[PDB]
Each structure stands twice: as structure tokens, then as C-alpha cells.
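Below, in C-alpha cells: the form deposited in one PDB entry, a single chain.
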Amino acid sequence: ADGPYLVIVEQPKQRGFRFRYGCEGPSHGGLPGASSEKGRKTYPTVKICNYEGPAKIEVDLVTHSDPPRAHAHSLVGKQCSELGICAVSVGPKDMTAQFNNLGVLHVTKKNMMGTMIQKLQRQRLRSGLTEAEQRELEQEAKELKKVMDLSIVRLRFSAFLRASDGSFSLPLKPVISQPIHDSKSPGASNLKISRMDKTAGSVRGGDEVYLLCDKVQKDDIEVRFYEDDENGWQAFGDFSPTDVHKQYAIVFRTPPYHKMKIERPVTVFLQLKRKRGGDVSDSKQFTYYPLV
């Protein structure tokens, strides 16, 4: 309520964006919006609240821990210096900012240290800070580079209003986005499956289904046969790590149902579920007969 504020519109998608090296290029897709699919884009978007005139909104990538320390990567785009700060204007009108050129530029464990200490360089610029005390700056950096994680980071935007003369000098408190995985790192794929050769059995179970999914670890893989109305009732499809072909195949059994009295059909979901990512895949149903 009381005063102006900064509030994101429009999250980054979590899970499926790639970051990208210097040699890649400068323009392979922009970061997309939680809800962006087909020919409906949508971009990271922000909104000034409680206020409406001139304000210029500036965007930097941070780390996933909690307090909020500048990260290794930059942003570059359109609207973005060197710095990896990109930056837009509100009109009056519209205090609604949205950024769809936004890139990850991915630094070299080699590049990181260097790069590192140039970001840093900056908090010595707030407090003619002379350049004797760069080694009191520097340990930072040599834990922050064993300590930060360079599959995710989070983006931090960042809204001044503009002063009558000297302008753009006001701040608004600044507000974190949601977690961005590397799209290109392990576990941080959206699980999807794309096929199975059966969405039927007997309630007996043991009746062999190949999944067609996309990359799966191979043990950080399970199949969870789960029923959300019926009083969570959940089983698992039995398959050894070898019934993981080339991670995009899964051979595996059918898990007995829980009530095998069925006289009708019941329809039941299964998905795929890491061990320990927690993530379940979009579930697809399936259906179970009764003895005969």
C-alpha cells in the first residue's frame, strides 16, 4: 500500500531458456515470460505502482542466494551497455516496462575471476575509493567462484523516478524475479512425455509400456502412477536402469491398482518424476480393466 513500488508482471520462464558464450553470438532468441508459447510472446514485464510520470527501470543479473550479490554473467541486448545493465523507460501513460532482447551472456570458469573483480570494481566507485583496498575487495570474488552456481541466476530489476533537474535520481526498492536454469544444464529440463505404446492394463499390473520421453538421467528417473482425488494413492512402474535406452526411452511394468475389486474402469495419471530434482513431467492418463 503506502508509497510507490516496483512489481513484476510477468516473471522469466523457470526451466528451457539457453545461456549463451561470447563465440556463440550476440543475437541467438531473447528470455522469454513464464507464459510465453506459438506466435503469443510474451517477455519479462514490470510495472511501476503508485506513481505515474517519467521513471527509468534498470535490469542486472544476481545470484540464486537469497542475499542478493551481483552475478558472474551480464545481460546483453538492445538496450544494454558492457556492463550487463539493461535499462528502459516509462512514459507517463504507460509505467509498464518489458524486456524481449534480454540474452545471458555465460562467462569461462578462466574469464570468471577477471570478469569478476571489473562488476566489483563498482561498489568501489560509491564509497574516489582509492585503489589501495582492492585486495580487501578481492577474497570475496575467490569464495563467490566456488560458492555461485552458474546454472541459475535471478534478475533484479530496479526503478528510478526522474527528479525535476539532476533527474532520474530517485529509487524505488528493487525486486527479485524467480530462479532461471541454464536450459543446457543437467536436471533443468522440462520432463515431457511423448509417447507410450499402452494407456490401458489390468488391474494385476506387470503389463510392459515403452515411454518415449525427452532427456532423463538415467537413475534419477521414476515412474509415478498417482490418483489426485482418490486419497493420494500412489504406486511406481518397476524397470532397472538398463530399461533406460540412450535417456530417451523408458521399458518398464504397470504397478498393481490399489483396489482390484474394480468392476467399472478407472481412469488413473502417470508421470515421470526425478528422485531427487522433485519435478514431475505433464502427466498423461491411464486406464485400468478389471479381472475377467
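Positions refer to the first chain, counted from 1. First, how it differs from the form deposited in another entry.
- In the two-body rigid motion between the two forms, the C-alpha atoms of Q134 and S27 are best fitted by the same superposition.
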Given for the second form:
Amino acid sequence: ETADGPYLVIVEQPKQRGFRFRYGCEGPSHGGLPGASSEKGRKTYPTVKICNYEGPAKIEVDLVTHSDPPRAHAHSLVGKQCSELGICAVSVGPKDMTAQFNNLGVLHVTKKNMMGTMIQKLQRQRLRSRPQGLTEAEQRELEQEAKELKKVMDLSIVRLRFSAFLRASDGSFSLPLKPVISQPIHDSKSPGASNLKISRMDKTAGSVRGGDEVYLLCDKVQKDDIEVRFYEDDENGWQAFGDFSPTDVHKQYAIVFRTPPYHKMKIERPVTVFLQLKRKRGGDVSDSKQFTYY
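Hand over the structure of the form deposited in another entry; the form deposited in one PDB entry is what we had up.
What follows is just the one chain, with no partners and no other molecules.
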């Protein structure tokens, strides 16, 4: 890895949640895939660096599947750093060996397009390392992949693949490094697949007993995949949950839940705990609101 030569490292991953993939018709300039630690105070973008080598290199980025045999995604990166359809590319000058990708879009392919767009991509890979032409059998078989790749491909999750290149024999940058794959990126427009947000809730306080019903208004969530985690910041690390049925999650924008019992029963003074929305599979949370026992 780190002493089999020069290698890439992702200095700043893409933000896994909250980024919207755009269909070609929505427009060309709706805003860039940011870094995992971006915020409106200070913006960050996915960043990578070449280690163990200095001097000109070219880093390309392209979308691969969520699946770990990393395969090219039907979706395309779009933006300033990209070509006609040719993928996004940044140049590392020798002093600073790190590349920011600060204007990266994800063009959403329609299902009605997916196969055509994918054959059009597999061809290119066939005519990449391997020789110049495709026999009809060569092509019937390429179309195979397309069909059985469309059955199993998640159009709401992508991974960036950074492919770093160095000047080969002729000075043409076609001698590559091992490619480095980022953490998965969810489409904020896939239902309930954005980041958790607590808009407002109707009670801020209840009895230490628990069982008090609270109306929580949130951004779109999945009835089946959401929870309401109460907790304390301390060495005790106490946690409890909201009590609700799926029918209690109203049209993916509200949760009617009954508060959990506090870890003690006879508090002398009123105690503030935190609650947060949490994703069941994933573990990402919303910003916590305070709740006071007694």
C-alpha cells in the first residue's frame, strides 16, 4: 500500500448525505458535490493527494457502483473540470501535490436511458486495455452485461473513483497508480435518503416516568428506518428510544412518539437530556434538540 510505491489518499471525502443528483433537464449549474466536512461557514470539496512522488500528475474522477467489485456507474460526473463526455480531471503541479474537485455534479440517467448509456460505456472499456474491435459475439455479450448490470445497480448511490496518472514513455500520462474509491454518496432526492433534520417538536419537557406523547416534525424519512434516540454526554452513556408504530410516522414528515423512561426515577432537580433522529441502518443522526425531565 504505502511502500509498494506512489499512491493516492483521499484527504477529504465527499459528503455522504444531503447532495442532490440532477437530471440533465433540470439544468447544468445547481451546485457542487461538497466535502464530508463542508458547511455554509467554510466550504470543503472532495480532496486527494499523491504521496511518495513529486512532479506533474493527472488525477481523473469517475462514478463507480456501491458494489465492491467497482464497476462504472450509469451516472456521470458533470462540471467545470469535465470534458464533452470525457470525465473530470485535475492536474497536480509539483509543489502542491493535492487536488480539490470543487465543482462536481452527478447527472442522473433515466431508467429509460440506462442500458443504452451503459453499453455506450462498456464499449469504451472494451476498447481501453483490450484490442481495437468488437465482433458481433463481442457485442451481443457486452449487451449481456448491460442487462444484468441494470437489474442490480442502485441509481441513488455512487462512489467517486480517483485514478491518478503519471507521464509514461512518450510523456503521455497513461501509466497509472492503484485507484482509490471513496465512501458512498446518497442522492438526497431518493426518498428519506437525505440527512435527518428536526424542524420543530411540540413538547420540550416531560415526566421522568416517560410515556409523554410528542409530535416531531422532520424532513422526509423512511417509516421503517428511523428512530428517536435520547442520550446523555457522560461516562455513563445512557440511551433510550421513542415509542412509535409505522402509522405514527405521518406521510414521511412527522413522527408521533411516546417519550422513554429516564434511567433513574426520583430526580431531586430537573435534568436536560438530548434527543436526535437516527437512521436504523447507517447510524447518521440529526442535530440534537434538548428535552428536560421534570
